[PDB]
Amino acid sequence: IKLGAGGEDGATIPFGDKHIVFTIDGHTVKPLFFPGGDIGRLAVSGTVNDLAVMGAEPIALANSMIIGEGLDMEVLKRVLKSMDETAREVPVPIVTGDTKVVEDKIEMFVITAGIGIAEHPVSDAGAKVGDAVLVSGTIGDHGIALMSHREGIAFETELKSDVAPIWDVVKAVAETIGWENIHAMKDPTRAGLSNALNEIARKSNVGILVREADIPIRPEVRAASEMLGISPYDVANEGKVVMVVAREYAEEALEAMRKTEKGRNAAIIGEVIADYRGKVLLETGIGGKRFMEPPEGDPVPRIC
């Protein structure tokens, strides 16, 4: 009996004195290449980021690729090059893998599993009342950039995905304020920032009050989101972390992120409260307050 009960969100496994974090995620993004990245960089970044938000230093990645027989070898080579390069940015080795070819008329799916070691585990259940809620950068870039490209929407300054591994951003904060002062984190991928904040609120059993005006959103993302009819708070991010920090260390954490290249646009967007536990309240800039609810469904097709 090795686990947890046999049979059937990264998982944590206590291993003696330390903690092993184990995660897996499939990627079906189409097209395979998008502004700012590709399925290979996405596969590595998403796994590293899921490990990072649990406080785990990535130790190894495993990659499974399922390719259609009609795929051009050059496309495959470019994806592998990108995967290799992205893992080298962490750095974390891709220690094993598998490749299967199918006659099905697909191009490629990439599935990545990762293992990390968290000496000071962090989860979405540890937020405390009074804590500051931070995001490491602009919100909605990935999902909106891909949906925009799909619709032929284009801007003067190209709208690109933010896809990138951000273990370095998380480490920068921990090295400054100490892991003990990072109370919760979430990787705002599927269902975006709103889903991430609701998960922290419900799992930590705390309320979260967000000042809408403080959420960093690029002008192009705001515009494209209006054209697409979707909220940038509800789509996937692939180069960001949501972090809940002890109140007295909020500014230090913000400054630590802003000193990294990927955390340049970090911001404090709200605080944890003792009322409406399990809910996220949004103080709208137009004036007023409303609940920030995860998107009512329709997972944006093949963007991650």
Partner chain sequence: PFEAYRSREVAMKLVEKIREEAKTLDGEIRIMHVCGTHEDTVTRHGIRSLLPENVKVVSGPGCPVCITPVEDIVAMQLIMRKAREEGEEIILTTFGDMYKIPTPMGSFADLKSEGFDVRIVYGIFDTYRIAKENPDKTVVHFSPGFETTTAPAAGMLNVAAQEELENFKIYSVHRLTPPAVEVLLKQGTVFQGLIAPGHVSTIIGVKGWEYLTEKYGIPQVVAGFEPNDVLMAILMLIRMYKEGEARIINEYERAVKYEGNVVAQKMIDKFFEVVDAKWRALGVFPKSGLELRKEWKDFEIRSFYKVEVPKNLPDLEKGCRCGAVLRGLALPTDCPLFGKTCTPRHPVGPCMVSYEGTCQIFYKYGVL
Contents of the next structure:
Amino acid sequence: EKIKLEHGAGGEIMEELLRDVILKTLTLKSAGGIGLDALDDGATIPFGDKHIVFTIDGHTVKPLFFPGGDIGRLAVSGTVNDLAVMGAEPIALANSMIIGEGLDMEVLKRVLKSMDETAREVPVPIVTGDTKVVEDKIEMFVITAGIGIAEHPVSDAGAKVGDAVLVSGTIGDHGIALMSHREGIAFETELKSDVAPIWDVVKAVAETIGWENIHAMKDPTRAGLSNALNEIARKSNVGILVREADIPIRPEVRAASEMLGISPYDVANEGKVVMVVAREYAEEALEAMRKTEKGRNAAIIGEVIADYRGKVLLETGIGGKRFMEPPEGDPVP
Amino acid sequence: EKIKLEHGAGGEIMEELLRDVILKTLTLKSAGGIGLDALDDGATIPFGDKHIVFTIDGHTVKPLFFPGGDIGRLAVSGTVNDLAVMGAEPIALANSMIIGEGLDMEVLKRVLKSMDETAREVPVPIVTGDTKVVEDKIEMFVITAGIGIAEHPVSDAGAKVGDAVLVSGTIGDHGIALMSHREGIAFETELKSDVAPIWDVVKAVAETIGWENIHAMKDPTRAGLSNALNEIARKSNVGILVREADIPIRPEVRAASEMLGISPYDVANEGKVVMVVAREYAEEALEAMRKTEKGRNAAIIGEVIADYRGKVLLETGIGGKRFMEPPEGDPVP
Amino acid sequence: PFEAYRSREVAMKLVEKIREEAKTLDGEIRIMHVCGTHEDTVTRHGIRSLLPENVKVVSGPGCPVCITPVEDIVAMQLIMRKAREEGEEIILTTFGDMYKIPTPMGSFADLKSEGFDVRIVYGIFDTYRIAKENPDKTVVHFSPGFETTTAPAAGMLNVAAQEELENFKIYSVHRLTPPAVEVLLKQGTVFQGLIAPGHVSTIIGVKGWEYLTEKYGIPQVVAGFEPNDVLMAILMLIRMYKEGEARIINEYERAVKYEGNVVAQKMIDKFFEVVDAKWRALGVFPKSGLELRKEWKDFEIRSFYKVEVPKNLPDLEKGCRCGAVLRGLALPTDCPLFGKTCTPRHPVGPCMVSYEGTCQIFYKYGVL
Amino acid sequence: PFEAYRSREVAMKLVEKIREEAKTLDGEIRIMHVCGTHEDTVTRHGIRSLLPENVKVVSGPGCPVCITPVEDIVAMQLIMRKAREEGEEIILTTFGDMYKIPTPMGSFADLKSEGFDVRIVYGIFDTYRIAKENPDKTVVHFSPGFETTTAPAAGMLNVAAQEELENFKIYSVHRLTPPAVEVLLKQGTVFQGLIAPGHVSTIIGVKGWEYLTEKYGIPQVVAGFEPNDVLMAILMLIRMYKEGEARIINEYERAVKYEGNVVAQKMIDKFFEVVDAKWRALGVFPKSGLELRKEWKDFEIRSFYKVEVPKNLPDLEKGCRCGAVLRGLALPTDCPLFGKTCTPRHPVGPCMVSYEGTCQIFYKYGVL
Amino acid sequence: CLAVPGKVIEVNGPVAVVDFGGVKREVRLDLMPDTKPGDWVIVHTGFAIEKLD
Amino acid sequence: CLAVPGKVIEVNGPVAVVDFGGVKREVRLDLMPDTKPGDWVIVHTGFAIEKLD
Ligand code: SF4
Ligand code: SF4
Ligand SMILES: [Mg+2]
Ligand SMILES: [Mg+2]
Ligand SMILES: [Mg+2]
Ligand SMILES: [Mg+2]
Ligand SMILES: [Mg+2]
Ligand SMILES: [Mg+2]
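For comparison with the form deposited without the partner chain, provide the form deposited with the partner chain bound.
Below is the entire complex, every chain and molecule, led by the chain shown above.
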């Protein structure tokens, strides 16, 4: 038995590894709240009238620099977003770097510069860190952990029947752009990544309809939108109907995905948030989102249903019906 | 300019990188307590009548398995120890793994088994995690972050003149054993690593002389004892006198270090803690330590002095005097 | 920009006309398409969930990579080894899916594993470009594909002769669609209507498919690949069936000419010769393949090497029902391995590996 | 187990006797040792901080790796290239420190960088073992070192001839200690007492150093390497100076024989010939080196290749004062680069690279 | 046979620059000589096989 | 010339197993034939150069 590239692609195969090994071998997985078993964007720890949200994320994106961002902006964006979809405000970041022997000092400096610029946007400080250097020709790996405070934590199992499903922006910008960058595909207007912290987007909605009406969230990163939705459906044991015509997708993204032969629904997003809200607050959330710089393109894509529990039903543009299958992992165009 | 193997060896060269790049490029480095600039074993965050200690550590030990422990026992031991030398009780762990495409599923399972066995010893739960897989021939990297609660946080700048300096056990067991394992050097009684969590050791002393009398601590990992001491001296701006004849060292360690041509003072320890205590409580701390399973070999090695501030003075066995220079990084036998 | 062909209203209308026509229909009408891209249209847009219980759409052998004989894949591999021994390293190009196609003796990927130079390309041009960047080596492209893919190959063979390239060879495994349909007719595959592949038609035109309706009276409909193209073609076929009509309607007139595309036709004819060829899991179909004419034998990598491919190589792994899937006689879900031991990431059969494979399409899209 | 030789009490006593004797001493007495291992003893135990202001201990050229001529290091490299071109890849072994020794044309490490097979070993046996595990290749060991290291080389050359190994060659750069001391005498290096290197003595015995006291009246003291060995030798030398005595005291009698070790002596003599040799940064010393006798020329890698080493190769980088450090005329700290641009990790000169280098020892131990 | 349509924006001998909605790629015109800027073509494996009417 | 002393615990021709305080290594006896178990020798680069008296 060998570990395959897919065992870490965030899809079904990785879920197998987590279910057949990781969660199966670890026995102590909770500190009084949401734990490892929940496989949520982060864990929670009851601490008074509050809850501490804890999360960690490894970043190994290649190349370290790409249209719209870098492994540095990504490291900060990812951890802040994972805290945010839990309903927590970023408090501090811990930064671990594993650098390959021979990296250009200018690369490390540039990455650090981006991390800092990104951190100040939240804002959130990087209070502790670690630095390792290996001979392995790896360039760089950035692992960021983060702690946040949530008055009312949100999980992937809060979705209720009748609830509406929203996304803060266009789907597939990060994943596709990075792919189009690989195959050398050029552009009229360069297709860039969307990597960016979106705490302000979540905060805005909560500050508009209240945390009590935000029943679920998740940043659709690895495996993309479909994966994030399939996760919410399973853990909430609800069904999810999505209307393909309401999913925001850039023309460049559609075009490139087609040529690449990969659905933009299965690719990672680094600047978006999926939000399941109370049916009578969807419009306010949508508008509260539209009023933010990172949420201009938000849109209600569907609703939580009672049928097809644990699955994601997709109503195609022409009116057809099919399931939005969670990808097996990393796309291959 | 290129990143060298030493820029991550925990010695002087790495300190240069941190001072010439990392700390120099990051501008937001604090959350209300000890921050990145302090370069302490962890950071602190004032949260009520308490303080949250935050820390993260990357592990890239090779081979993944070695006499006395493994990268898994090390990952848990390291984070728990870093929280402990801050004066914090382990609350939760976050585990990130970056696995190389092709690793044997049995290796990952075995590592997970050790992590779990180690975690239960504290005890401390692993509430969240992340898993990445790369094609790079790296085998495995384990990055562990951890949060803890400290009523009275301890830093590297608390050392006071007249204070005594203690170590919880023999110095050089981890680093040397792993080296002797490389060169194939055999043994009568196998020389093993000491990797192990030592929260109980710290807790014991505090529960015996009170936190108010534990003026400073640090787990002497990369760069070993000398490095840890040199760090305390610099940040406390005090001088440190150590008596070579009082430093506990195993016969196997002395012998192997000699043949390897490396001082056991400059190599990493994974199961020890350096503690600077109030002069009138050194004996109780020592005995409180001796009463623990991991502190049987504790010993008072010296005292904090007013002269040679920022340096570590070593009184040799024959009575001579010299400085205990902080290594440049990774030893080379 | 052709939005109408994707229009929901336009579709809701076509779906209604179709529904109306089927309500007054006896028995069951079965329409078969022979192009994985059409199966992708049907499956991607959930068209089947919009059809009346008495109207079925089945996918035929419209996947060139799926039907490529394992004997040919093994041969190409036996020639890579035969060259490494003759000190002549070869640069092999293949399509991404073909690259991972399984055979009882391994894929082109397992080959790459052994240190050989196998490269994934998106078209024959890539191969051409590699032959000029690597003069000190022989570049060969395992070339499978239907007419739509044969043309770009023939076109590149014209630009290769003029330049007089000598390190530009290819292993021809090209196949013809029409002949496959006629073999399926003589073998009982049930269907009262055909949805001819738009792009293969773009090449051989409406004229290329006529010989089938005249010899079997089966109504055909050249269609595009937008959702309403397929919905239109289904309606147009249901009616020709109910009315007893038996002709060919070019619903893809916007991209297809009656005569087709002469340039490509001659372009292909100048280099390729129709011959009997085997179809993986289907059998040997008469005059269904294309091989290089004796004059251009210098472009066929098999004219520079003679390998002995072991006999009795099984076409599929035990349990695989890709042969029946290809005939439109079986659905991927009927297969026990489907979604279990057989997935796009770890495929057991060719139908799941290929981008146009019916099994991959069903898996990728979660059919219901 | 010889604890006394490390005993604090024993040391506190010796330190007192020494102190007493120096209080009634005029001028200054300077003792020189010529073994990096002794400099390590002195520096590691802080012995200098225990000595009276009028008693100094200086480190001579007791570092074989430091004094190895750059011409020889470059030659060995020119031969590695000369073989890669003759299609004959060579396996070169060297000591860990020598491996990183700098020259105006790079180190053995920069070589490894270029894809050559350079391997670090701990002794000549390692090289021997590599010559038998790699029969299809020639294994050569750049062999520097004083008598103490020459013997194990000669011994291995005996076990090599008997076996009749042909891929077991070495580039001899062995040097003799006594001759270096005599050259330093004729050149003004100031010191009224010598601490002869224990282990080099173990080989050439007390007899090997006598010819110096008889010809210059300089008192010598063969000493071990425990801290009290050096402290004892300092006392024994201070007294022979005050009493006008001029003889040789074997303080390391527990490990040294008057005659020394005959086996090694003949063992070395059977293969090596004393010749004039250059000492890096020091000049050419007469009858101070050892080269293979014409009969065993087959073991010298230079008998299979003839390379032209460029002339005027500077011995040290500008600013480096390792030459004076080696003469006991300069301390590492007197050097401007010391601990700045020159450290063990990124060394500028050879004195900092070597394990027995005085600069490395001072750096590694934080001298005060 | 992904067969995505694009608008030709530049013809230079047997090579053209096709625009697929904000994404450009070079395409061989060997099977569509008459191709000219402004035209819409179906591209299969980097080759133009037909023009859309 | 690290020159660490060890106690010979096994002699087998020109090879011996020396113990350096809980750490054993094989040593050539070419320059110390008379070597025998129980003896203490100085080891330089894997070779025994002398016995301690
Ligand atoms: S799923 Fe696999 S195994 Fe079943 S027929 Fe389709 S490819 Fe063959
Ligand atoms: S420190 Fe360096 S540079 Fe100064 S003499 Fe010693 S080796 Fe030469
Ligand atoms: Mg997440
Ligand atoms: Mg995440
Ligand atoms: Mg969530
Ligand atoms: Mg620490
Ligand atoms: Mg640590
Ligand atoms: Mg501390």
